[PDB]
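Engineer: The chain contents come next:
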Amino acid sequence: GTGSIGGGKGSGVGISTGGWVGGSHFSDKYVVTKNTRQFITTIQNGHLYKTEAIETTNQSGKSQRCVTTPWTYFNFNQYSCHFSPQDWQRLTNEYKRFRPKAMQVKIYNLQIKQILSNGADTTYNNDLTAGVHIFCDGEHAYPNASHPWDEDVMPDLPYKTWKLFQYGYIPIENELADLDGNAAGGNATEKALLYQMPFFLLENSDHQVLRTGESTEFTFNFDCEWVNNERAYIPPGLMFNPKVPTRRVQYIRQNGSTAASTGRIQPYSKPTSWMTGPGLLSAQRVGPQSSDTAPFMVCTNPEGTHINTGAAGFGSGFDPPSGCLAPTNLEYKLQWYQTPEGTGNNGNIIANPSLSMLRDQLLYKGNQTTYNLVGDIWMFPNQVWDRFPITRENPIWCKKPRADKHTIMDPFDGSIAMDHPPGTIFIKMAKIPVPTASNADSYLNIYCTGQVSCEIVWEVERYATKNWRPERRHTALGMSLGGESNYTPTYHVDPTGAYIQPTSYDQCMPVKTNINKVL
Amino acid sequence: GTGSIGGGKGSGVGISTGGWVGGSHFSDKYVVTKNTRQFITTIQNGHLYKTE
Amino acid sequence: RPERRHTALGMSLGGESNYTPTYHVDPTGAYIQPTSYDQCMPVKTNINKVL
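Residue numbers (PDB author numbering), protein chains in the order written: chain A, 24 to 542; chain B, 24 to 75; chain C, 492 to 542.
To be clear, the hints were calculated from the coordinates, so they are not data collected in a lab. Virtual Cβ for every residue (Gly too), placed ideally from N, Cα, C. Careful: at least some of the hints might be erroneous.
Claimed, not checked - When the alpha-carbon atoms are kept at most 30 Å apart in a straight line, the in silico DSS-like pairs for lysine-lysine are as follows:
{"no.": "1", "chain 1": "C", "residue 1": "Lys535", "chain 2": "B", "residue 2": "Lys32"}
{"no.": "2", "chain 1": "A", "residue 1": "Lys454", "chain 2": "B", "residue 2": "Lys52"}
{"no.": "3", "chain 1": "B", "residue 1": "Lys52", "chain 2": "A", "residue 2": "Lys57"}
{"no.": "4", "chain 1": "A", "residue 1": "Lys57", "chain 2": "A", "residue 2": "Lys186"}
{"no.": "5", "chain 1": "A", "residue 1": "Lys266", "chain 2": "A", "residue 2": "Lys57"}
Said to hold, decoys possible - Among the chain A residues that face chain C by a calculated CB cut under 8 Å, a handful are:
{"no.": "6", "residue": "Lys73"}
{"no.": "7", "residue": "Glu75"}
{"no.": "8", "residue": "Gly204"}
{"no.": "9", "residue": "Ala207"}
{"no.": "10", "residue": "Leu217"}
{"no.": "11", "residue": "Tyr218"}
{"no.": "12", "residue": "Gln219"}
{"no.": "13", "residue": "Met441"}
{"no.": "14", "residue": "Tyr486"}
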C-alpha cells in the first residue's frame, strides 16, 4: 500500500525529505524495528553556557555544580523506544537471546518557525532560511548527555511529540571544592581541582547545519553481547542425581557434647562447586527523600575524609546494591515510575522475582549450631549468576567508564555496559541575532520541529527445548484494567486519550521468565 | 559522528550553504584551526559617506 | 632538567562568588577573563634555547 511519489527528485521548500517509517519485521535470525517520532526543540539558556553551584547546606540536598548548554540531545536508550508491547511480547516469547546489530537514525522534514508574541496570543510563521545545528558525538569526546533511567527518552507511543531536554554536565565534584571551606585548612587541592576543571563547548567541533529542505542521517554498527532470555529451572547446586551415592566424606568437628563424626555425604545433598553470585545486603538507606539515600555511597575524596556523615556532596549512591542476591527488603528492589507524573505509591513498578534460579541467590554461613545469612558476598571464584531480567521499560546500554582496570561489568539495573554505545545526537537551533542598540544580546525567538526515524536491526536467535511440558509465556491475561471508570486494559488508551501504563512488573514482560534452559 | 546530508545538491532558500566548523588538529609539522562565528551586520550611516 | 611550562595551576578564581576559574564561564554565563599576563600564556617563557 505504498504510493508512487510524484513531483521531481529535486530539493527545497515544498519537498519532503523523508516518509514516516514504523513497525517491526520478525524473522528467525533478525528483527527489524522502525520508529518515527515528531520532535520539538526550543532555545535553551538563552543561547548561553552557564554554570550553577548549589553550595549544599541541604537546601537542594547536596552540593552539585553543573554547566548547562544551549544544546539539546536525542536519547534513544530504552526498549520501549524500539518495541511495541506486542513486538516485545513476541521477542520475549519466541527468542532465547537478542542483540542490536545495526542502527540507522534519520533527522528530516525539519520546520523552523518564528514565535511572534503580541499580547495574549502568539503566532507561528516559517522562517525558511533558519538552520539547525546537528552533530553526533560518536567519539564520546564530550561528556555523555544521557544517563540510564532518565525521562528524556523517546516517547513510547509513536504519535506523541518528543520534547528534547537541555544538555548539561557536571564539570567537577562540587563538595571537593568548598571554596574557602575550612579556614585553618588552607585550601589548595581544592583550588587545584577548580583550576583544572574542564569546560566543554559543542562549538569546538564540526556540525551539520540543516535548513528545512535538508535532512541528515546517522548509522551505527553495534558490536554487542547478547541479552539472554532464558530461565534456570534449578540452581546450579541441584545438578546432581539424588539416587546416586557420592564418594565424598563429611567430617563434623566436635560440637559441645556431640562427638566428632565422619561419614559419607548423603546422596540427596551433594556438595556443589558453584557459589552464590556477588551482592551487598548489609547497608540500609539513609535520610529523607530529599538527599541521596542510597545504601552504599561511592565517594572519591582526595583529601582528609570528613564526608559529613551524610555523604555530603562526596560521591554518588550505588543502587541497587543487592546484585543477584535475593533482596531482603523493598529498598533493594529496582523501582521506577512509568510516568514523569508518578509520585508516591501511584504509578510505581517494583521488580519482582523472575522465578529464575540464577537470581535471588543467598549464602548462609554455618556456625556449629545453625546457618546465618551472609550479608556481603563479594566477587569470589566459581560464582555464576544471571543478569537482572530486563523489561521493555529498562535502559538498553550504559557506557563503560574509560579506566585502566575494571572487574566484570554487569550493571545491576540490567543495562548493557558498552565500550562505544551509539553516539548522542546533539541538536540546537542556530542563534539568530537581532540587531540591538545596546550590547545586550538579543536573538530571534524560534523553535524547530522535525521527524526522527530510528531503525535497528536486531540479531535474534530462537530456542529449541527437549522439555515435554508447556513453558510459561507472557499473555495479555496478566494485564489489568485502568483509566477513568477502569474499563481500559493496560496498553490501550483512556477515553481521555491517556495511555494506560503497566501497574506491575510482569505487565512489563521481563525476560528470563519463560524459556527454560538446562544448566 | 558526521551525518549523511540528505536533500538534493541544488541551491536556494531552504538549503544551507555550509556547516559549522570548529576545533583544531595538531601534528608535528602542522596545526589546523577551524572557527565559525555567527555575525550580524546592520546599516551604517544611513547608507551615506560622511566626513567629521 | 624539566623546563617551565604553562599550567592551569597558574589560573585564578573569578565571577560571582569567585568560584569560577579563568577560562570557564560564570553562573550568569559570563566568561571569566585572565587577570594576569601569565594566564594569557605568553611565548618565549618555556622552551630553552642555547645561545
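Engineer: Would you mind marking each hint as holding or not holding in the structure?
Structural biologist: Structure-based check of each hint:
Of the pairs offered as hints, the one joining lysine 535 of chain C and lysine 32 of chain B is violated, with about 49 Å between alpha carbons and a cut-off of 30 Å exceeded. For the suggested pair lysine 454 of chain A and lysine 52 of chain B, the alpha carbons sit about 36 Å apart, so the restraint of at most 30 Å is broken. With a C-alpha separation of about 47 Å, the suggested pair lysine 52 of chain B and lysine 57 of chain A falls outside the 30 Å cut-off, and the hint is violated. For the hint linking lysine 57 of chain A to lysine 186 of chain A, the alpha-carbon distance of about 20 Å falls within 30 Å, and the restraint holds.
A distance of roughly 53 Å separates the Cα atoms of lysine 266 of chain A and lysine 57 of chain A; the hinted pair therefore is violated under the 30 Å criterion. Contact between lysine 73 of chain A and chain C, as hinted, is supported at the beta carbon level, the nearest pair being about 5 Å apart and thus within 8 Å. Using the Cβ-Cβ criterion of 8 Å, the hint placing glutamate 75 of chain A at the interface with chain C is satisfied: the shortest such distance is roughly 6 Å. Interface hint at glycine 204 of chain A: violated, since its Cβ lies 11 Å from the closest Cβ of chain C, which is beyond the 8 Å cut-off.
The restraint placing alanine 207 of chain A at the interface with chain C is violated, with a minimum CB-CB distance near 20 Å, outside the 8 Å limit. Hint on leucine 217 of chain A holds. Least Cβ distance to chain C is approximately 5 Å, under the 8 Å limit. The beta carbon of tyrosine 218 of chain A is positioned within 8 Å of a beta carbon in chain C (closest approach about 4 Å), and the interface hint is therefore held. Interface restraint check for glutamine 219 of chain A: the shortest CB-CB distance to chain C comes to about 5 Å, inside 8 Å, so the restraint holds.
Below 8 Å, beta-carbon pairs count as interface contacts, and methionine 441 of chain A has none with chain C, the closest being about 31 Å; its hint is therefore violated. Interface restraint check: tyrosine 486 of chain A against chain C, minimum CB-CB distance 55 Å, threshold 8 Å, status violated.
Of the numbered hints stated above, those contradicted by the structure are hints 1, 2, 3, 5, 8, 9, 13, 14, listed in ascending order.
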